[PDB]
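What follows is a single chain, given as structure tokens, in the form deposited in one PDB entry.
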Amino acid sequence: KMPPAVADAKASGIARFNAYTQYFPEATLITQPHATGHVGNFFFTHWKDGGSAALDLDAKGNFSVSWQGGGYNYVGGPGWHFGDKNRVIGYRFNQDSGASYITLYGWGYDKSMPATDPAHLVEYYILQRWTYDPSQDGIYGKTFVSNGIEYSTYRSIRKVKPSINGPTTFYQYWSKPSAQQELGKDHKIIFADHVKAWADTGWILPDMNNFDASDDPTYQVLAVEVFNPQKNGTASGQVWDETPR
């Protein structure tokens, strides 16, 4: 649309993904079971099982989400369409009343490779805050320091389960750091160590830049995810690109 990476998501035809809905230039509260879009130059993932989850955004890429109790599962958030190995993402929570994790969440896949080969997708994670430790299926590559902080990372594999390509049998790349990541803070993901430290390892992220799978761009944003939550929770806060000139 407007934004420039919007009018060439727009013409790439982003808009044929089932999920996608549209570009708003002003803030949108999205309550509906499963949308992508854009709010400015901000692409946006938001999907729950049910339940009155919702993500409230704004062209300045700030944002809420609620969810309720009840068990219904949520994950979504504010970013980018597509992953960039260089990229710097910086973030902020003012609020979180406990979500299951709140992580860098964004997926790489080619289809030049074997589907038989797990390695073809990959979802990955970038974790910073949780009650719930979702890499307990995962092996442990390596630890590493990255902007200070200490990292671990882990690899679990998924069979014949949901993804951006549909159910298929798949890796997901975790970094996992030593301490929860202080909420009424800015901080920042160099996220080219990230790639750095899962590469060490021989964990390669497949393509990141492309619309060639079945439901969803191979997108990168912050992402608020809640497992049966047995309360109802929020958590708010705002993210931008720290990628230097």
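Numbering follows the first chain given and starts at 1. Between two forms, the rigid core is the largest collection of C-alphas that superpose within 1.5 Å. Compared with the form deposited in another entry:
Only one of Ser97, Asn73, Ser152, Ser146 has its Cα shifted by 2 Å or more between the two forms after fitting on the core, and that residue is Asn73. Relative to the superposed rigid core, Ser214 undergoes a CA displacement smaller than 2 Å between the two forms. The Cα shift for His194 between the two forms, taken after rigid core superposition, is smaller than 2 angstroms. With a cut-off of 2 Å and the rigid core superposed, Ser52 has a Cα displacement that reaches or exceeds the cut-off between the two forms.
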The other form holds:
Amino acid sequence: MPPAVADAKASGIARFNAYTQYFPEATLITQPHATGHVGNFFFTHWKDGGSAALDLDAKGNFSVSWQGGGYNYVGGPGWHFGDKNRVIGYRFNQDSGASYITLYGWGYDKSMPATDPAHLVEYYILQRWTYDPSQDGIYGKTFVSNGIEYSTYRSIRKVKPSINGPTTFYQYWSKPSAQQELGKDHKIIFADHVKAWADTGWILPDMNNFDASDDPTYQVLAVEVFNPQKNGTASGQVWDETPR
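What I would like now is the form deposited in another entry, since the data block earlier showed the form deposited in one PDB entry; can you produce it?
So it's only the chain below, everything else dropped.
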């Protein structure tokens, strides 16, 4: 078995009802809520309605195809856990106009009180977008990572779905000053974004645990659509290029 699959199994990822299985080759995911592995690649896939399909191969090539409608979908491939030193590489090939093409993940500290919205955090490092989340959050700071300027925001989700079920939680955002181009390799140096959030006191709770009720504290390269007004597709390839 691929090593991340073996590691996830040996740490009890099957405890989650929504975790499907290891698929050795490539699979199409269309259900409302699923996680799993295709090859060594973890995936998440979640929507509150509508129709959206994640096609993922064992080399990390993927496509999300969505149908127009009033719903929210987010999904994509990566890792069953966040690592603050990971360097995510990707190339995005096609984008009909997703709401976000974004690094996407969660942290969760079961020992923190749920009255503190920092006990559970959904985080985003946008790369392409047709919805601007700045309007929903407070500004943190601007910084440079891999030669480009990102700006941070913190928003709150009040009684909303999460990896721990309905919860009030913070979202941390990092948005670059320009859309990232298709057809070229890009890097997300995750440590720079973790650092930038921490620089304004926005601490990520633990990103390497299966303590939440519904899903791991995963980290993926995701396509998200909010109320898409047309059918669309978005496709790319993700990998780990962390210096090791």
